[PDB]
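First, one chain by itself: the form deposited without its partner chain, in structure tokens.
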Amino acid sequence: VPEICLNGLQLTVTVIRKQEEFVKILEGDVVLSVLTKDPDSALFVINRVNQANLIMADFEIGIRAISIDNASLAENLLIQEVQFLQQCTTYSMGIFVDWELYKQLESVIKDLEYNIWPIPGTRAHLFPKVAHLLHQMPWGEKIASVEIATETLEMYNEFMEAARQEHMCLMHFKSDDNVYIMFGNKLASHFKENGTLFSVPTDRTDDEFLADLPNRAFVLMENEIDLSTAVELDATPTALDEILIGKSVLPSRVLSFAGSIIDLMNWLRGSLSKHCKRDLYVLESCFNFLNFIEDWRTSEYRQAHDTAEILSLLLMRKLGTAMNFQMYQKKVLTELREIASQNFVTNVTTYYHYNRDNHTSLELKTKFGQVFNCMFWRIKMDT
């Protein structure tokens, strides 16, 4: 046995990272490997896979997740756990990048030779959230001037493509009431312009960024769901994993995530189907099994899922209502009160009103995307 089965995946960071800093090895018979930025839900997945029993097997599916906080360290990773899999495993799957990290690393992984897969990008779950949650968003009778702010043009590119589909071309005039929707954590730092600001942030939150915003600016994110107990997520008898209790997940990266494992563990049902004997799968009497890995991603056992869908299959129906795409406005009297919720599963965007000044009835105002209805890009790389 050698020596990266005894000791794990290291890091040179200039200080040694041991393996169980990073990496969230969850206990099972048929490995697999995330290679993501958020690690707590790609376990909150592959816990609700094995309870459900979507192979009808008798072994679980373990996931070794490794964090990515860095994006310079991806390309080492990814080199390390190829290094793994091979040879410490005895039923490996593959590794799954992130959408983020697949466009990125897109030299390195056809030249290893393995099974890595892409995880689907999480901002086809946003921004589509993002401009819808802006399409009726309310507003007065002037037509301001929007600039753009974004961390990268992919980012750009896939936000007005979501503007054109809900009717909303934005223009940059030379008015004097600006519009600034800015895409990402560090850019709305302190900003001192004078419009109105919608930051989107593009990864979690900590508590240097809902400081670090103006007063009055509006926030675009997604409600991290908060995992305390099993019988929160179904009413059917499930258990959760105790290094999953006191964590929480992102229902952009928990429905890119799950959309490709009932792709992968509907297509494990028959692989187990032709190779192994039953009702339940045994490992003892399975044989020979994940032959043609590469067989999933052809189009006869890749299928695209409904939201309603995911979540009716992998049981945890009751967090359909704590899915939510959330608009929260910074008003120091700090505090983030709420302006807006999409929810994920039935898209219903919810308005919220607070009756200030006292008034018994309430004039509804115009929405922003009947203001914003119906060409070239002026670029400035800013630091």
Second form
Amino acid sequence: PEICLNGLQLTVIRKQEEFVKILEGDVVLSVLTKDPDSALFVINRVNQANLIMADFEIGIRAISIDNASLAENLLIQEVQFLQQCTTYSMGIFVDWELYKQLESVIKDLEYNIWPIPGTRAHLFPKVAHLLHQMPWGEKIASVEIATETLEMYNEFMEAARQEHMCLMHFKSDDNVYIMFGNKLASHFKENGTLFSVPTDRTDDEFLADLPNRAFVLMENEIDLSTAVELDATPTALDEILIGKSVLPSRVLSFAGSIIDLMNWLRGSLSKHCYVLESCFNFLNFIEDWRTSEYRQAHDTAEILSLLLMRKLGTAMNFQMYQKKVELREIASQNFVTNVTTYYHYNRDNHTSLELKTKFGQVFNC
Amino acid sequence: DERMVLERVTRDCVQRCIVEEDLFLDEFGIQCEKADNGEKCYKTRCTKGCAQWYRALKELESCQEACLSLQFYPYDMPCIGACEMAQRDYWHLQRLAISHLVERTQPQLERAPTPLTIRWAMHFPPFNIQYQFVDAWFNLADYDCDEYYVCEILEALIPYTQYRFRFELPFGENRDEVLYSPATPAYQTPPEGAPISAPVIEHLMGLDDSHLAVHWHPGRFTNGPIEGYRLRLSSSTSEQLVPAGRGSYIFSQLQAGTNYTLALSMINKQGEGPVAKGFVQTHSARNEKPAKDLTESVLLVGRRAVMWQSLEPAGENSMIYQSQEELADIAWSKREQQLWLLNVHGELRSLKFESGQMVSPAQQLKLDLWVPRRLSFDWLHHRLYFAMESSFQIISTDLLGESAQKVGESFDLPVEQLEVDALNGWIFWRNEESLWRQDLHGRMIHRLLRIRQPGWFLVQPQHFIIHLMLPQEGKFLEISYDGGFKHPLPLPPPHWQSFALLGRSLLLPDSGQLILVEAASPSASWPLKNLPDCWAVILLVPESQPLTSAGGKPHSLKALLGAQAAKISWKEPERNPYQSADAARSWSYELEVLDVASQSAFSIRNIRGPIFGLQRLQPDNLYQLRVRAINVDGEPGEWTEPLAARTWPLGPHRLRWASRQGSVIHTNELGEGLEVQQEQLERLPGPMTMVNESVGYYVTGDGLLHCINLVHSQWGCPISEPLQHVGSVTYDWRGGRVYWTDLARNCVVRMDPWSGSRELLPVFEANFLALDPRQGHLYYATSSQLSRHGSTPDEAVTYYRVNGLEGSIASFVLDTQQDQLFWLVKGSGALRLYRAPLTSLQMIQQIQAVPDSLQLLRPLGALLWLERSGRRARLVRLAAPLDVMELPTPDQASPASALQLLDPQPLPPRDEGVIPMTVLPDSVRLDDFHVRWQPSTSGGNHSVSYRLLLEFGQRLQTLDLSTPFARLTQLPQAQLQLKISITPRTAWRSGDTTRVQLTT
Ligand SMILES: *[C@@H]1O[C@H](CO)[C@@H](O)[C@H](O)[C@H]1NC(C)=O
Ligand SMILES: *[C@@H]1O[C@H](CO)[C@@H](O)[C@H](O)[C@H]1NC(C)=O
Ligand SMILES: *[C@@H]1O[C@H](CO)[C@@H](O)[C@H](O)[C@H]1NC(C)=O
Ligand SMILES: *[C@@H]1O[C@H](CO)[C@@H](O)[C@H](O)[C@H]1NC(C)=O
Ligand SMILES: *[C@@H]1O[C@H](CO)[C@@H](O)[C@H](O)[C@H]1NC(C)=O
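Would you mind generating the form solved in complex with its partner chain now that we have the form deposited without its partner chain?
In what comes next, the whole complex appears, and the chain from above leads the way.
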């Protein structure tokens, strides 16, 4: 067919290698996400992890999505490609925001499309815990929390409620502005403490457009350069993934569903059929991994132990950076043990630290 | 004059029985007059003690056994007190009689060619031999002696150890009664057997990827003359026999990035000793770049030209400076980008260059001060070092000229090369016959080699390695920073006169080319045209002139914590044996303070000094503390081991100090409040025992007990004189009684603070006291034992016993709330702390202390004593016993003899429910018969006992009765007239005495 030869076509008309990144394999998984490199890392680590105990590696078709108004046509092209142009088709993973945005098309196509769990569950308790322990003073302030969508506002006041914090807007001169997005905190002319939590990757335009003395609450992208820095087990990082960065929330939020789906595929190859020439009937009823007999909740140290990345979780941090004109490292919350290290810089060259009362003690309700 | 000492002690004894005729309240309530002379009176019972003090010493009898009376049972206390005071005064006179003869006569050591014998020339008109290590006196267990004091030692001594011997002469049973001889001139024991002490690793570090340095000194017990050492190096084997006097080794030809383990031992004539171990890495290897990938640069210096070369395969060539004269020495700088020049006659020409050309021209620098001959550059302290000709002398100037400072003594031989190691603080130079060393102030002068005519040398500052060529021998050779390590290396044969290292390569100049050999055919060759002679190649890498050292870890972290504050002090990373005193000691520090319960940390970067304070911390919270060192370029070092430290609970905690001069200040838990109080005590006071908020009692260091009233000094003290021979003092808040150990009387004296009525209590040989107020148990400690005294004699519980040669009990404290009982045992070179319940003996820690200084700190749950120097107080918490906090004494009261954490609540008043009510005198009646009285009962229901006195005619009978009925026997006939006294008592007090006269 034409769809197997030309591939996915995005409208000039764009070539397939601009937005699809493929590791080869016998079974083909499809990931449709904003950050494809974390998905390529998760499928690469379950390939070298060998949780399946089978000879065939897991394949990926990682569709890069930059605007959300073109993902429907590439979903139509990917259900045509994974119905026609492959031998075995497990499913199409869509991230949680494009799953909740386009649920009518996914319900109308009736094909095996499952959501990746959302990364804001891995990010917004880290935001509320870095705001809970922050050295502030004895001043209460007026908070104005600006988000892009209202769902981030509901989950942020939920995460502030489990950290025992009340955030109320009094009429006072001391102002705190928390902005949730990549374009809300761009040259803010208001005066006060500015917290800026980005959603996507941080560019040089975002660090250019921020005000002076503004706080940047983001996670660390981890650059991949060699395969010996990931684990003590000798593995092989694939050559496409060298020189590129992963976000750790996307890694963990995809990797829980990957650990559940390959544990289901362990059960399916244990009951059926490991060599894929001898093995037959991989995928008969595949919706049962969403049911709770094979769907489990894993801790993050278990995810790094199962997928052979235990030396990676030292660099899995959530930081808070202040822009002084330089991004000075102020806070650091590790993902694997939730320990929160604040950084103070003795300046004025003193010999003592008067410890300020923290932000969670002032705003305690 | 024995008969004069005996009669003067007996006369002073009967005078003390006369003057104390109405001072002590009796348990039966006797109250004799001044001329009664009956059996029950104080004079006859005390004169019975003074008539039997020398009989008890001749027949080896105790004072309790010499003063046994059937009438007063079980303890006739004025008799026992007069006997013990007369014996203590007699042994005080017998130590003042023979003080100079003991302290003048020195014993002499004798061994005949057979145990070792003391000969003491002592003619007298118990004894202890004490031994001391020669590098505290320890008692000798086994000896065989005679009447001529020829004492032979049969104990197994440690071999090849120098010993001094002393005689301890305990004259009395008091421990202040001892007399010591002068010590013997010292004796070395003969050697036998294997060495029993391991060597001590001073430094064990890695020099570069292939060398590894260890430094050691010998152990304390070598058990012979040291002949050799054995080093076994193993990866996580090479064995080398190093001789007797050497204390360093560098292990060559090792692999990079590898954990190594090294074992030291001592070899005498008899055998090998024990094994000391240490873990060390070599280094990470430098990535050796190929011949194509070389972005670095050199500088080729001739007699009349200086030519810059880039190390590309198509390398750029440029003259920097061409001289009309002959250059003798030149300097270079990486960060200032400055090059200095020198000639045959002295003309210093500095020249700044950047990227291989002129930026600044050759400007002449006259040296404001000796013609200059050699030149080197200090890049840290920014000085120029010159070796001049007048004899030859190294001086140092500044970059502008002037500020001339002469370094070291003058010397005869010329300097052919001068190199300054700024980072390790050294100056290296070579003569015609030798290679040498100095620091930058010229203090430590060492000669590294004596080799006939060496060539060029290059000093590696991180790696502590000096590579040296010998061009006449064709030999390339490798020297440490102390000259002990001489490793020959193979040279690429052509003679070469200069070299450089880029990693492990060798950059050798010929007249036509510079070759880079890792034979004569190189890995890379750069062509030369304009330079016929080349005597120097200087590589333009910042590793040639570094700012920062390799590694750096702090040590000995310690922290004193309050409630809401802390004082954290660490030390600076230590200096290598290849680092001088003028080295780079500039570090910043980073301290990470981890909240354990909250799982949060806060990290203070850019701590300049080795002390940092913290304040507004959380009270009663555990914190873990680790620190690391940040150097000049800003890369971090290694963290320490974490110190778990807990803050005090919330509350104003006053610590009361007392200086040895007698000044009382009040501080807080760190020693920062410093409120000087208006009271002034006597010399060397002990801890203060308060009766109420104003009046307190304290014991000075000479044994005197004083009373001081703080708010008005006229009244409040019922005793007028200070009272002699008092060891400790305590108070009962419930009964209202002051208890002190009478050291002369060998007893415990219980006194009313309002009236001064003293009472002799039968607690014998006690040194320290405590009273448990809930039931009245009197806890006491002898130097041998720790016990308990109660109302019934079934409550005597002994908790610990010391043999006496092991040591003695230093203090004890009583924890009545948690039913715990701690004590300190001062021992033979150790200070041990224990724990037992009041109703399982647990050793808390073994670590000396002031006696009666162990205080219980009920907010922190810790225990605090004061050291014998008086400038340091030690805290051991019960939750973390392995970490001992050292609290510094504040400088107002800086030699301290007392420390006391004050009670924040006031003292409770006198409980009226422990006072026995008096028996009514009309109710004492007659029914072998019985005597009945109205039963005395206190305010609260407590067990009230009674004491009886049956004075009929001249015979008297005493009974101790818990019952209110008196089973009276042993009357001789009918029609007697009884004088009957009843004295009720609780466990806290005694009641008044009710005296009736009834006839049978
Ligand atoms: C994404 O798609 C929309 C569809 O309306 C288009 O207008 C837009 O230019 C595209 N790009 C971005 C960056 O929004
Ligand atoms: C860290 O927090 C997450 C929830 O945010 C929890 O599941 C996890 O167990 C925690 N990890 C620890 C205490 O090591
Ligand atoms: C603190 O020290 C730095 C480094 O020397 C210096 O730049 C700064 O001026 C100092 N600040 C003071 C003394 O306030
Ligand atoms: C070197 O080995 C010792 C034990 O031999 C180990 O405790 C130390 O941490 C090792 N160094 C490394 C690998 O960090
Ligand atoms: C303390 O007691 C003494 C008698 O022992 C008395 O003179 C004094 O007034 C009392 N002081 C206070 C403050 O009660």
